[PDB]
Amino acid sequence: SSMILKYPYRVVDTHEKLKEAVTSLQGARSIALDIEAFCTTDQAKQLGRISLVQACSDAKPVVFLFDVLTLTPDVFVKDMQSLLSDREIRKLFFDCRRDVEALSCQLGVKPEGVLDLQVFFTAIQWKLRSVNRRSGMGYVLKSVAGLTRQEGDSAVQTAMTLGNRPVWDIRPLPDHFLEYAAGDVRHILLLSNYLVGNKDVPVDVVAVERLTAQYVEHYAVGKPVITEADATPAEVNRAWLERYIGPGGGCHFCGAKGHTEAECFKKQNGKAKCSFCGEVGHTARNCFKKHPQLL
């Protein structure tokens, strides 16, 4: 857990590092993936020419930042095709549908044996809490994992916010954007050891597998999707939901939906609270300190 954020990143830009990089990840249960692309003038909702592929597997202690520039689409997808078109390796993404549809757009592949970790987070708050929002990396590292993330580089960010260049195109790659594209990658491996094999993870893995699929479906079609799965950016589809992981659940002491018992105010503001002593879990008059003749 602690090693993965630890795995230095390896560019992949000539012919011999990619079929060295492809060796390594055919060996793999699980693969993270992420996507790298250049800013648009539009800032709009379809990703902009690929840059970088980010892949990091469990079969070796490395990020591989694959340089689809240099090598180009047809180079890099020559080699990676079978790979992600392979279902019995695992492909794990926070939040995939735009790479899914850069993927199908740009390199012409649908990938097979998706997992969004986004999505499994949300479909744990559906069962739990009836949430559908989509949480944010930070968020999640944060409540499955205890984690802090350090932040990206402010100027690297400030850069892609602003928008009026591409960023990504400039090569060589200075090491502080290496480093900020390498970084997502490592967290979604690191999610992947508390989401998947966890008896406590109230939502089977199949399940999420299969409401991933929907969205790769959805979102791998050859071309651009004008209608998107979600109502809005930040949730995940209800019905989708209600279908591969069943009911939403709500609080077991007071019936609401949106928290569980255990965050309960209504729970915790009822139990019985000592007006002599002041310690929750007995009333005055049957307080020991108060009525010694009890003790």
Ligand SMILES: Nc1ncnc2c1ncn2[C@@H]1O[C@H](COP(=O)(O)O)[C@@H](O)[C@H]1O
Given for the second form:
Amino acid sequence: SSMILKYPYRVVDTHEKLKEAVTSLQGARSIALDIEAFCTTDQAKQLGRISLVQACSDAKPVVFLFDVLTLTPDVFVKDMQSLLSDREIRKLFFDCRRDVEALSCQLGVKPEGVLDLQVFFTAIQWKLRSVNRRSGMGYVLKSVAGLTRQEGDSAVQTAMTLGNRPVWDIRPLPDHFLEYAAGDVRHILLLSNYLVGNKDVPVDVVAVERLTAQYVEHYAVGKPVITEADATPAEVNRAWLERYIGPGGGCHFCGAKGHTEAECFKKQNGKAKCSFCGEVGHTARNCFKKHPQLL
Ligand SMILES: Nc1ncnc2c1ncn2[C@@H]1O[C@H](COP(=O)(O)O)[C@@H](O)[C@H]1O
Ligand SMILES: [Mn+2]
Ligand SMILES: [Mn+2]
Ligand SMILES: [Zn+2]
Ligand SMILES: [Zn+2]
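Cool, the form deposited without the named molecule is there; where's the form solved in complex with the named molecule?
Below is the whole assembly, all chains and molecules, this chain first.
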């Protein structure tokens, strides 16, 4: 699965290349998606103009970078909409809210069969700790796969953070912009191997598909979305978490919300440590080394 991180990118910027990419993605079971958009100077909620859509599936070891700007939304949608609409093909996102709004407003398509892995992580946190906070991809990759995420080129990130120019409008795109764009979908598809079809994961994939579908419905309405689904940008609607995931959990050792027993201070600090030999698990009064007359 760390093979996914070495998938090279192909730029899909012609009608011919688009048919080929579409043919390959049609054979997939899961497709990780992302959007790179023109930076908004204003810094309002919606993504700016779609520049690239990035796709990486379990059907081929490759990241497609669809140059929507060059192809035009019209040509892109003609060939991609049935695949986007096909609920039998899982679309994997990391925070789908804005991406879905953009697909709806700018391309006229609503994706079906969507799974939001940022929402998946929060659902796990809800189930175990009563935490409805959203985590960045870095934190999630670390916590779930033990991977330190290789950041993208700092020029790209800096240009974007300044917010005074579009950034993603230049053509051709330099190589380091393309490599930046390909980053997220590889991480998304990698991450889905740890979350989907894994019995160590305490939430059902279908419950998260159902929570994801609330986000798709809220954000794919053909127009800019005014009222947000979540109380603040960095969390997940608690009422939706109760509905699709169930009641929030907490620490089985001390009863408090916010942590599990493996992270409980009181559980670790409460365990017997031998004052004589140092080993956790017995007291001194039961220590074979301190008292050999117990052998
Ligand atoms: N630091 C940033 N400052 C401004 N816009 C950003 C920034 N990061 C991302 N964006 C915008 O959001 C899009 C999605 O980025 P990402 O969520 O990494 O896939 C980018 O293509 C930009 O349009
Ligand atoms: Mn994104
Ligand atoms: Mn991205
Ligand atoms: Zn505790
Ligand atoms: Zn001892």
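Residue numbers count along the first chain shown, from 1. Heads up, when I say rigid core I mean the largest set of C-alphas that superpose within 1.5 Å between the two forms.
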**Q.** C-alpha of residue 283 off by 2 Å or more between these two forms on rigid core
**A.** yes
Q | After fitting the core, residue 19 CA displacement of 2 Å or more between these two forms | A | no
